[PDB]
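Chemist: Here the structure of chain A4 is known, so what remains is to put chains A1, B0 and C1 in place on it, guided by the hints.
As a plain string of letters, each chain reads:
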Amino acid sequence: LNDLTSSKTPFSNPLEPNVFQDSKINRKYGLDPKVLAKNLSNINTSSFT
Amino acid sequence: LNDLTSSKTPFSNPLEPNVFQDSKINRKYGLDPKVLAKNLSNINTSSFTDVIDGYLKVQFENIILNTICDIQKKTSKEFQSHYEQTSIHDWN
Amino acid sequence: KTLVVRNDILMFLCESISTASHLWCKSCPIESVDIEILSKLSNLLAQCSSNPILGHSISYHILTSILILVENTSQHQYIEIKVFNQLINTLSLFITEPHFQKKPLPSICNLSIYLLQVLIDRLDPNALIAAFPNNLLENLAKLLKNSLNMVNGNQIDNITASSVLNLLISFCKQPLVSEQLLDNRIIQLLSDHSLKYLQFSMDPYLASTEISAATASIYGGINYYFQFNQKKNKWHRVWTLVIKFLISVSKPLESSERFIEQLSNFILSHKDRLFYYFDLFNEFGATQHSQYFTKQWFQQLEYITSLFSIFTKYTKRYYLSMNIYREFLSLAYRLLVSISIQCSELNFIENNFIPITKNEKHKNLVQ
Amino acid sequence: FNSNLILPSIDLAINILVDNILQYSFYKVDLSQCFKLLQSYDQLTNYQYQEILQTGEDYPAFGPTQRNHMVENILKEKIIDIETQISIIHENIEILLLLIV
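Residue numbers (the authors' numbering), protein chains in the order written: chain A4, 50 to 98; chain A1, 50 to 100, 107 to 147; chain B0, 1496 to 1595, 1626 to 1751, 1763 to 1903; chain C1, 1492 to 1496, 1609 to 1704.
Just chain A4, with the same shape it has in the complex:
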């Protein structure tokens, strides 16, 4: 589903990434890319016995 959705998103060139779109989308749906990043950086291989 990562492959099958990433192939459906018309992502911009990563040198031309549209500022206003994710700035709308992340504040709309709640996808804070610092909170989601912190909540992932504190999960590692050493988190599971």
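Below, a list of computed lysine-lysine pairs in the DSS-like style, where the Cα atoms sit at most 27 Å apart:
#, chain 1, residue 1, chain 2, residue 2
1, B0, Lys1521, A1, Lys129
2, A1, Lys112, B0, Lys1628
3, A4, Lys77, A1, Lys83
4, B0, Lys1894, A1, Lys128
5, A1, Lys57, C1, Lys1631
6, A1, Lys87, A4, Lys57
7, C1, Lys1631, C1, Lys1679
8, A1, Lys73, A4, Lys73
9, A4, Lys83, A1, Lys87
10, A4, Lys87, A1, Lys57
11, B0, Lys1767, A1, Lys129
12, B0, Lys1770, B0, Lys1899
13, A4, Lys77, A1, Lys87
14, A1, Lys77, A4, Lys73
15, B0, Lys1831, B0, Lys1897
16, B0, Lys1627, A1, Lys112
17, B0, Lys1831, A1, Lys129
18, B0, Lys1670, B0, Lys1807
19, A1, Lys128, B0, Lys1899
20, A1, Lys129, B0, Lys1894
21, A4, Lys57, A1, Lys83
22, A4, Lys87, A1, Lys87
23, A1, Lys129, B0, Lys1897
From the structure, some residues in chain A4 lie toward chain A1, with a derived Cβ separation under 10 Å:
#, residue
24, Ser72
25, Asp81
26, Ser90
What the hints contain is simulated information worked out from the structure, not anything from laboratory work. In this text, a Cβ means the ideal position worked out from N, Cα and C, and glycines have one as well.
Modeler: Using the frame of chain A4, we list chains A1, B0 and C1 on its own:
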């Protein structure tokens, strides 16, 4: 000031970025690398553009350059009427 | 024979003769040019061309004074054949014999080419044949191969190649000179892939990143200290002039199998460069940013489709057995489909087409 | 160092490497303080002049030109002491990487 303030911040080992503190600071002051650098990518070098004797020289150069520019207008009408005339006669 | 001091004094005078000649033509509408002034300047130029102790700047001001008098003749003043044949020999010298070393000022050879073109574009057609220097086409062809190989630097030879191709386009007004263009092999020369200007003549512009890369990779020494405005390609103009040359040469030569041969050989060598201007209409079908399609590019298609409209007039069966006739049929159908779309979308023609440069804007303002 | 993650085990070389990397980072901030002090000695606070000279209740007596000369030479010595320990601790880091590998 970048060199100076970097020589005042105790930055952790770059293998140990304190994401607990960074996620405090980037919500307190509102700083956002995923918005800030995302404006910065869209501001590159191609985002910016440029816009007695020397007077007698520049007038003389203008006299030659306009004369040659107007000859390059003359032959630029002559070819075109002769082209479109032949282009009609062909199908006739 | 005895004083260099006469040179710079004669230069300060030719500077003044040039200044006064301009201020006369820009002030009096010339019903008749003074043939004694034109004679005096023609002799002084011929004297300056006989004597390499006289500085090239003197000859450049005399040539400028003569050009400023000549195109300001009324279109019903024919110049006297004795003064015209004196000029044609001296103007040929500044085209055949550039290297007396110091390099010459290339502005003199180009100014002589413009004065020669203006004299052709003022004559009895039947008189040029009775004043033509035999060696002139052979050394214009050398000057063309040398300038299409950039032997004096990317901005100097671009002007030389441009000026020679406009002079050649004015010679194509004459059948017997166009017959000589085939046996001076000037089409077989324009088919030649060794000509360095070809590398620099795909696109109508140049990028920001090309300009550092294509200078740092050339100038490894000789330490001399010294809205987006895209630098429209100067060698694309030379490609436009090469395609216009063939569209002039074809007209007197509707019976010449040597023209059909050298045209087929030019179409064979430049094939995929001639096709790129058509298959770009596939690439803009998805994801290419909306580039401002210029009148110069639509005129390159006006000219190249006319070259194919000419070639399809003459092709014996042996050419129709080549895949090139299936490929031309494919290109003609691709371009007719994409134009059938764009001619339905009249709105595409009214949003995307801007007259860009100060000179494109000025031609609309004049007309 | 033995294999494990009697002789000591290779945990010892890794912990000594981390503590030397940390000390190498500290002395480079501290050198970056001593060179800043040497670039502003005539503009240090009276408290910074006490922090460097530490001359008891005699500290009032010394004149400014005297204090500035004494601090300028104490800062020369302490820069040479620190640039020396920075060498020894870089070379510890290279020796420890070589020992672990």
